[PDB]
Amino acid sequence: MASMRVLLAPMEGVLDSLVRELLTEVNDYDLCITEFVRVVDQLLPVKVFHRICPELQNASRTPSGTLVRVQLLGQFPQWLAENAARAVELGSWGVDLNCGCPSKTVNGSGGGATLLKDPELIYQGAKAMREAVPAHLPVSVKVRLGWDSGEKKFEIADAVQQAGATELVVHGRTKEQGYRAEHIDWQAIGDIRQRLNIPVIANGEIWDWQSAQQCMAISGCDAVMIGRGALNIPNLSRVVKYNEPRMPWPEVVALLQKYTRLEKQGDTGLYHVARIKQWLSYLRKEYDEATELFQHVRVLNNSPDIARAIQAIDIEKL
């Protein structure tokens, strides 16, 4: 009965430092990846890295102690390398490169999924980052299987290994397959793993204990990355590693109350409401109780009204 790694996926516009703080304290995530820093042709200021990844000031860990890694998105090897170096100087435990997400091409620099059309770009990006990060810290890369087909999936994988990356996360879909459940190919993740000599972390459609078991049995990976599921089920790392039942509704309400108490405390803004609405939108998929709450919360505009709504729910009488 085997060791296993579970990583918390990066999620631009959904997961920030505060949500990472809350989730990690009720989970056993081995690592969270931050939402990406967009790299074009410039070294980004220290403020940008600290505000995206406050954990850099706590030895690259959430307050409960979970490691966090800074992600980059961009194409130009010079600048990835220089931003990679800055993330590490500031204390990031290694650095990740995003080759999975659809992304605008700004100033001739593409990024994310658009690199999947030309694996040589991934090789050059990742290799410059590997050369600029001290050799003992890791450099990871996240990929999809290709742009509009999986034909280049092994070329993408090789590019990452040959650049000297430490590990590879495979979102087992193409870019054009988006998030459609019917297209996840965990078997291709496995075919990739077999060919490589670095750890492959399986990603996509991992919702619960059984799905994770199924995914690992097919891919052969002893590591997985959970994204949307980590919001659907707040203790999903424990569900997946130990077959814990899903967090019961009264404990998730307690968690959201805490969200709103830290919301105000951190001074995160008078109209900082999107992530709390989004979280509830995800929680409808697993908890019938969250549909009523989401309705009452979605029509609200500001963080104070939303807090009173949520921290007025009596956890006992429930």
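Positions refer to the first chain, counted from 1. For the two forms, the rigid core is made up of the largest set of C-alpha atoms that agree within 1.5 Å on superposition. Compared with the form deposited in another entry:
- For the residue set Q278, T268, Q257, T291, core-aligned C-alpha shifts between these two forms reach 2 angstroms or more at a single site, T268.
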The other form holds:
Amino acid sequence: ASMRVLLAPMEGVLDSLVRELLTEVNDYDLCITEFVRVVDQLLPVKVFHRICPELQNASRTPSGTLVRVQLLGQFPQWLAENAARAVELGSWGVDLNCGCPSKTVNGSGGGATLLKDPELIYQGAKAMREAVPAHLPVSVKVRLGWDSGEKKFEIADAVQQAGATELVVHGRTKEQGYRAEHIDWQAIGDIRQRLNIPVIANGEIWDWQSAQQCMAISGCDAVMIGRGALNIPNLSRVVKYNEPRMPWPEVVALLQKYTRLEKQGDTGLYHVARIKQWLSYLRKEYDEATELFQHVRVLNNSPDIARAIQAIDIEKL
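Target state, the form deposited in another entry; input state, the form deposited in one PDB entry:
Chain only, nothing else included.
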């Protein structure tokens, strides 16, 4: 019966602005921030506030949905220091990225690179668990492996043995990328059966039926949705309650609200890039988004795209 739905971390997509917009019209149980890249220093407080403005609102979006800071990096001492800082600043626990393809800085790997030696996941997660007060959660997000799923149980074991609270599994290897035909929710179930912490299933959940299938196959009562949450802006309610997808006119209203939200540190091109990007996702689902994208793709500045989006009369749609 009960179902948890998490909004995925998405670097360069799901910032605080889009989290604000989406959580207002959804029932997400938790959102994950874009990653804070940890190398070999304690990051200043402003980095956390930039990535997670919700820290100044008791770790919640304006509508009240919890948000959790994610770290990306390798060195245990520095993951620990930065985890402690995230929670000192108010984060509801802390998450560790072990699934994103990521550039190594000097000797400091991160993300999917850690899947090549599961011990790196154990050491990083353990140092975070030890640094974060015991009542607050420490989560880890993984893929099934690097170039195969052969180490998928070692990866899962590393997270549990580190004392992590919960595990998100993206049901593909790194080398399988985002290829739909390679999703393996069964592998997620096999991991769940071995563990004693909640497993949150992730990958290729787009609608009510796909979530039902995912839960049935994996045995997980918790899922995480990333790209689908942009394609269908009310996807949490689609998945939880089998409600219809957000009508297009309400999608346009959402885009209009986005054009009126200010972005901290914006040089001037934020809305141009981000409205085009969101439309590039929406065209997978909404015919109308393909047409609107053709109209706005030629605009090269935020005021022009703001005027264009705002000009649309949603009562005429």
